[PDB]
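Student: One-letter residues, chain by chain:
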Amino acid sequence: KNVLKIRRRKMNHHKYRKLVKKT
Amino acid sequence: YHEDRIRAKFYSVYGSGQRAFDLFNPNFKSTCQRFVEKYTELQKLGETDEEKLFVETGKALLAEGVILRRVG
Amino acid sequence: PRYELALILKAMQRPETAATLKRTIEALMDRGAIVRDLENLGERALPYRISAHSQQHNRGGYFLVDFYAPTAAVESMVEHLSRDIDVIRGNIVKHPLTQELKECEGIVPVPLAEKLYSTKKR
Amino acid sequence: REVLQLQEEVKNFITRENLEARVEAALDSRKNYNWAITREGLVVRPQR
Amino acid sequence: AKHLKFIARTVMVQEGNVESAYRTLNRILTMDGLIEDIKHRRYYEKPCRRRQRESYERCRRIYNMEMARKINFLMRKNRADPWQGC
Amino acid sequence: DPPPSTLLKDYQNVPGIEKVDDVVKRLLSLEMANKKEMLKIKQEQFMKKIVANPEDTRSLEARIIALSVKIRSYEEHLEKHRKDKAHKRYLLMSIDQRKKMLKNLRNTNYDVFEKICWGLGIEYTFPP
Amino acid sequence: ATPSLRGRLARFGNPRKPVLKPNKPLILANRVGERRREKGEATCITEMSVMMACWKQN
Amino acid sequence: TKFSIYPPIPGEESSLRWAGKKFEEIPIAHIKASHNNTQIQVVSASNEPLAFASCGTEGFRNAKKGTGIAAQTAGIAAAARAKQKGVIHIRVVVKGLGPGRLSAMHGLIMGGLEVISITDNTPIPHXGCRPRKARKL
Amino acid sequence: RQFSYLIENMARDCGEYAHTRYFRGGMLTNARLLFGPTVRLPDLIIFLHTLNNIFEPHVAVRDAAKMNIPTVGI
Amino acid sequence: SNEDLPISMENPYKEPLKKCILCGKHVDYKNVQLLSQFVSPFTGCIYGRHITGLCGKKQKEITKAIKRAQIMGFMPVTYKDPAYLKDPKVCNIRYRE
RNA sequence: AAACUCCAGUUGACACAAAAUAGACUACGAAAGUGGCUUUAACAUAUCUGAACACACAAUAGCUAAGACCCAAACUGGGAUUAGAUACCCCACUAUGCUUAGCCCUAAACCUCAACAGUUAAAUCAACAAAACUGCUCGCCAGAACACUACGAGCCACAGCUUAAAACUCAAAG
Ligand code: FES
Ligand SMILES: [K+]
Ligand SMILES: [K+]
Ligand SMILES: [K+]
Ligand SMILES: [Mg+2]
Ligand SMILES: [Mg+2]
Ligand SMILES: [Mg+2]
Ligand SMILES: [Mg+2]
Ligand SMILES: [Mg+2]
Ligand SMILES: [Mg+2]
Ligand SMILES: [Mg+2]
Ligand SMILES: [Mg+2]
Ligand SMILES: [Mg+2]
Ligand SMILES: [Mg+2]
Ligand SMILES: [Mg+2]
Ligand SMILES: [Mg+2]
Ligand SMILES: [Mg+2]
Ligand SMILES: [Mg+2]
Ligand SMILES: [Mg+2]
Ligand SMILES: [Mg+2]
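Protein chains in written order, with the deposited numbering: chain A3, 128 to 150; chain AS, 65 to 136; chain AE, 2 to 123; chain AU, 155 to 202; chain AQ, 2 to 87; chain AL, 66 to 193; chain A2, 2 to 59; chain AI, 58 to 194; chain AB, 149 to 222; chain AP, 46 to 142.
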């Protein structure tokens with residue numbers, strides 16, 4: 128199977144951690 | 065078959081004799097079969113032990129002129 | 002239970018080797034050991050250079066002590082041997098002969114594993 | 155049978171009385187545990 | 002460091018035949034696994050990558066040892082065609 | 066705890082062991098044996114004191130006694146090895162198993178359940 | 002003898018963790034791999050070296 | 058007698074002699090074959106330096122030291138300096154799997170030294186220090 | 149192929165037919181195209197060996213059943 | 046009925062199970078002569094069972110005895126003791142070819 | 001290239017680090033994990049099933065405090081590459097990996113295949129994968145995305161973890 132579902136979740140978590148750090 | 069027990073011991077003690085099996089002849093009798101037939105005959109007498117009965121069979125064949133060279 | 006002390010002693014003259022063996026056997030007895038036998042395996046060249054007690058040893062006297070001791074004695078005896086300057090190396094093992102050799106009938110052959118993959122056409 | 159064998163074996167155990175004598179006897183003797191196996195499974199003890 | 006020197010991995014030259022001696026030594030090191038161990042020890046193989054290689058090396062042996070057993074089993078049938086024409 | 070001079074359970078009934086040499090007696094005693102050999106004697110003492118038939122090892126009573134001896138051995142092991150997580154699990158599981166055995170005995174034979182609790186000093190507690 | 006395959010693969014019967022994790026199913030194909038071409042090496046470096054060294058000397 | 062690949066044991070008595078010298082007395086040629094350099098030091102049997110030559114000391118620079126030809130040149134240089142000090146027979150001890158592992162010995166032979174043995178001392182840790190991380194190439 | 153010659157003689161002697169050679173695809177199920185529209189197919193097919201030379205069922209066993217031809221087979 | 050029908054037995058011709066050369070013998074760590082027969086003469090590496098031909102039980106016993114002898118000051122680690130180089134060769138390995 | 005030249009090679013002395021070969025073995029443990037040697041203790045249950053939360057555990061990373069330090073090494077600095085190179089390659093060195101005492105409680109913690117008891121005959125069977133099913137029990141799942149998110153609650157956790165939605169949008173997602 129491809130990892131396209133993981134990739135969406137990967138970006139969501141990345142952007143969330145950056146937001147929490149910024150604020 | 066019952067005689068396979070005898071055949072197995074004969075082949076272990078003596079091995080396949082130099083006499084070659086002729087499987088084309090439907091009535092060929094190998095040295096092992098001759099032993100089986102004699103051993104089976106002595107069993108009818110009433111001997112109930114293998115060791116003694118086995119030893120007695122070899123002696124009968126030696127009297128008849130069969131060559132029984134043991135592996136030893 | 003029964004143990005075996007594999008004692009590699011420093012290569013010394015007979016009077017000193019006899020004192021060390023007496024010293025060692027008395028230490029076992031002082032800790033509750035019943036010493037069964039003492040075997041001399043002979044003086045040999047050590048397999049490798051062993052540095053013990055600020056000395057480099059190239060030869061040693063191999064001795065075996067067969068003794069029965071309480072389980073708590075083993076830890077104590079190991080400490081005593083660490084401080085003896087005439088002992089190059091001392092190891093206490095459970096005697097090899099307490100373990101009875103199990104009876105083996107021979108090698109049981111194992112066939113090629115089967116039905117690992119389906120029999121469908123690929 | 156095990157207790158009986160042990161009672162016979164306990165006679166030849168090293169004690170504080172015979173320790174010195176048993177040490178001297180050990181220093182004289184040699185016990186070799188070395189032996190080699192062959193391809194036929196026969197033990198070849200050392201000849202020394 | 003502690004062991005005696007000039008006993009391990011030492012090979013004597015016969016009649017100044019250095020080539021044959023070096024080939025012999027290299028074959029001893031290969032057949033024991035030293036040459037392949039040295040090359041793998043240059044960089045750290047992480048534990049997960051080492052298990053993946055061992056599994057790969059083990060599955061290849063099995064396949065390679067079973068193919069060879071079939072090749073030697075069928076080599077008998079490389080003889081000339083006995084029924085040439087049918 | 067059984068005195069260290071207590072003879073092993075195997076040699077306690079061999080005829081004439083009271084007359085053997087002192088050295089032989091201490092070689093066949095608990096002092097010269099591992100910890101598991103002393104636990105077999107503890108089990109026998111509890112079995113004789115509590116169980117009606119000390120030779121029936123398959124009754125719910127004998128099984129509670131045997132497990133209680135193991136529980137005590139785990140408690141002593143953990144007093145020295147306080148960070149042994151594997152044995153702490155074995156202790157907690159063994160305690161839960163004995164509670165299930167005691168619940169079954171209480172439900173079936175109340176007269177013997179009281180003798181188990183008295184002999185082994187177990188206080189039965191109803192679950193929350 | 003070929004290494005055993007009993008309990009080596011992750012199968013329903015197998016209780017233990019898999020020993021082997023083959024990427025391809027372990028089933029003999031009907032072909033063998035081609036003969037590999039020997040990787041070329043530069044020849045006559047020693048003889049080249051002696052000629053070039055003498056050139057330097059002379 | 059049949060040729061024994063196994064070296065003569067120092068303690069036991071052997072008949073094998075090289076110019077009247079026993080195996081324990083022959084000078085040793087220590088070759089360190091690295092991935093980028095080859096270093097050859099010829100020492101006496103009593104650990105007294107006699108000759109040293111590396112690919113660096115022979116004028117090869119940077120990536121040109123890690124070549125067979127460069128190691129061979131170092132071998133010849135070490136042999137020349139060793140032969141001046143009286144070395145004929147040498148026991149080669151090579152450690153490392155670099156490009157100049159074999160070439161270095163050819164250089165030593167081309168220089169007039171006779172190799173009576175070939176030992177490998179490549180360091181192999183039995184479990185040791187964790188090596189550097191794998192390169193991403 | 150050890151018995152191809154024997155079998156082909158036996159067929160000729162009894163006035164019957166033998167096909168001991170490589171069985172080309174469609175000999176039975178595509179006969180009208182291969183032989184001709186008015187070709188008459190066999191009424192009985194006797195398999196003296198039912199396996200081909202890769203130890204699998206001879207294709208004609210399946211094709212005879214498709215064409216409703218009874219088959220005798222060793 | 047008939048007397049010639051096959052009877053039910055266990056294969057009377059069955060051969061005895063093969064036994065490793067060390068089947069039934071005590072492997073002691075002190076017996077370094079025996080243990081040396083299963084290590085490489087050049088590297089001291091312990092040979093695998095495909096070379097030694099030992100059963101799984103004896104391969105473990107030999108391995109554990111070697112590791113004990115080596116750390117207890119009985120056996121060298123990096124080479125085979127030269128004294129034991131002439132013992133009977135029992136390992137199926139060819140180094141010179 | 002930088003770096004080093006207080007350097008390198010040989011020899012001797014020399015760890016609070018990591019454990020060739022064996023292992024082509026396939027074992028131990030509930031799982032996580034466990035492969036140098038020795039000794040001590042020691043691997044629950046005589047029906048099975050039974051919890052995100054009770055109870056006890058749980059790789060790596062990380063936190064708190066005290067130690068050890070060979071080597072490795074986030075970060076950082078230098079060299080090089082490049083249009084740029086906050087990377088890939090080279091060098092150096094730190095947190096960290098280790099020990100002791102408490103935390104934290106996550107993983108592609110996946111053999112993505114639940115525990116127990118059976119079966120190989122029928123329809124064997126969407127496809128692929130690691131053949132298809134029966135009894136019984138517990139857990140869990142009901143279009144995609146929003147969402148390993150918001151709010152509430154609990155927690156030694158305070159840029160955390162566990163539990164976990166909706167509005168708007170789409171006719172697909174898979
Ligand atoms: S086959 Fe019996 S121990 Fe090896
Ligand atoms: K190790
Ligand atoms: K959880
Ligand atoms: K997985
Ligand atoms: Mg998103
Ligand atoms: Mg895949
Ligand atoms: Mg520079
Ligand atoms: Mg349960
Ligand atoms: Mg619930
Ligand atoms: Mg954790
Ligand atoms: Mg930490
Ligand atoms: Mg460093
Ligand atoms: Mg640090
Ligand atoms: Mg895992
Ligand atoms: Mg369940
Ligand atoms: Mg089942
Ligand atoms: Mg998460
Ligand atoms: Mg959250
Ligand atoms: Mg809410
Ligand atoms: Mg909140």
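I should point out that these hints are in silico values taken from the structure, not numbers from a laboratory. You may find that some hints are simply not true.
Unchecked claim - As a list, the in silico DSS-like pairs of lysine-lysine whose alpha-carbon atoms are at most 27 Å apart:
#: 1; chain 1: AP; residue 1: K63; chain 2: AU; residue 2: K185
#: 2; chain 1: AP; residue 1: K112; chain 2: AQ; residue 2: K6
#: 3; chain 1: AE; residue 1: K116; chain 2: AQ; residue 2: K71
#: 4; chain 1: AP; residue 1: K59; chain 2: AU; residue 2: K185
#: 5; chain 1: AQ; residue 1: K3; chain 2: AI; residue 2: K89
#: 6; chain 1: AU; residue 1: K165; chain 2: AL; residue 2: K74
#: 7; chain 1: AQ; residue 1: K3; chain 2: AP; residue 2: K131
#: 8; chain 1: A2; residue 1: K18; chain 2: AP; residue 2: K102
#: 9; chain 1: AP; residue 1: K131; chain 2: AE; residue 2: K103
#: 10; chain 1: AE; residue 1: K121; chain 2: AU; residue 2: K165
#: 11; chain 1: AE; residue 1: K95; chain 2: AP; residue 2: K63
#: 12; chain 1: AL; residue 1: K114; chain 2: AU; residue 2: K165
#: 13; chain 1: AP; residue 1: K112; chain 2: AP; residue 2: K59
#: 14; chain 1: AL; residue 1: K165; chain 2: AE; residue 2: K95
#: 15; chain 1: AE; residue 1: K103; chain 2: AL; residue 2: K150
#: 16; chain 1: AS; residue 1: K73; chain 2: AP; residue 2: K64
#: 17; chain 1: AQ; residue 1: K6; chain 2: AP; residue 2: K134
#: 18; chain 1: AP; residue 1: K105; chain 2: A2; residue 2: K18
#: 19; chain 1: AL; residue 1: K168; chain 2: AE; residue 2: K95
#: 20; chain 1: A2; residue 1: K22; chain 2: AQ; residue 2: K47
#: 21; chain 1: AE; residue 1: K122; chain 2: AB; residue 2: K214
#: 22; chain 1: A2; residue 1: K40; chain 2: AL; residue 2: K150
#: 23; chain 1: AE; residue 1: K121; chain 2: AQ; residue 2: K71
Claimed, not checked - Sample of chain AP residues lacking proximity to chain AI, with all beta carbon distances greater than 10 Å (derived):
#: 24; residue: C68
#: 25; residue: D73
#: 26; residue: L130
#: 27; residue: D132
Claimed, not checked - A few chain AQ residues that face chain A2, going by a derived Cβ cut-off under 7 Å, partial list only:
#: 28; residue: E55
#: 29; residue: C60
#: 30; residue: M66
Just so you know, even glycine gets a beta-carbon here, dropped at the ideal spot from N, CA and C.
Student: With a cut-off of 7 Å, does the beta carbon of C60 (chain AQ) approach a beta carbon of chain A2 closely enough for the hint to hold?
Tutor: holds (5 Å)
Student: Taking 27 Å as the top limit, are the C-alpha atoms of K168 (chain AL) and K95 (chain AE) close enough?
Tutor: Given pair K168 (chain AL), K95 (chain AE) is violated - Cα atoms ~43 Å apart, limit 27 Å.
Student: If you draw a straight line from the CA of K3 (chain AQ) to the CA of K131 (chain AP), is it 27 Å or shorter?
Tutor: Distance of about 25 Å is within 27 Å: holds.
Student: Given the proposed pairing of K112 (chain AP) with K59 (chain AP), does the C-alpha separation stay at or below 27 Å?
Tutor: Given that 27 Å is the threshold and the Cα spacing comes to 39 Å, the pair is violated.
Student: Take a quick look at whether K121 (chain AE) and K71 (chain AQ) sit within 27 Å of each other, Cα to Cα.
Tutor: holds (23 Å)
Student: Just to be careful, I want the Cα atoms of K131 (chain AP) and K103 (chain AE) compared with a cutoff of 27 Å; is the pair within it?
Tutor: Distance ~31 Å between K131 (chain AP) and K103 (chain AE) Cα, so the pair is violated.
Student: Need the status of pair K103 (chain AE), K150 (chain AL): alpha-carbon distance at most 27 Å?
Tutor: Violated, because 34 Å separates the two Cα atoms, which is more than 27 Å.
Student: Can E55 (chain AQ) be said to touch chain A2, with a Cβ gap under 7 Å?
Tutor: Cβ of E55 (chain AQ) sits 9 Å from chain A2, so the hint is violated.
Student: Run the distance test for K63 (chain AP) versus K185 (chain AU): straight-line Cα separation, threshold 27 Å.
Tutor: violated (33 Å)
Student: For the pair supplied as a hint, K165 (chain AL) and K95 (chain AE), is the alpha-carbon distance within the 27 Å limit?
Tutor: Not OK: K165 (chain AL) and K95 (chain AE) at ~40 Å, beyond 27 Å, violated.
Student: CA of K95 (chain AE) to CA of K63 (chain AP), is that 27 Å or under?
Tutor: Violated, at roughly 31 Å.
Student: So is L130 (chain AP) really clear of chain AI, every C-beta pair being over 10 Å apart?
Tutor: violated (6 Å)
The structure is inconsistent with the numbered hints 1, 4, 9, 10, 11, 12, 13, 14, 15, 19, 22, 26, 28, although it conforms to all the rest.
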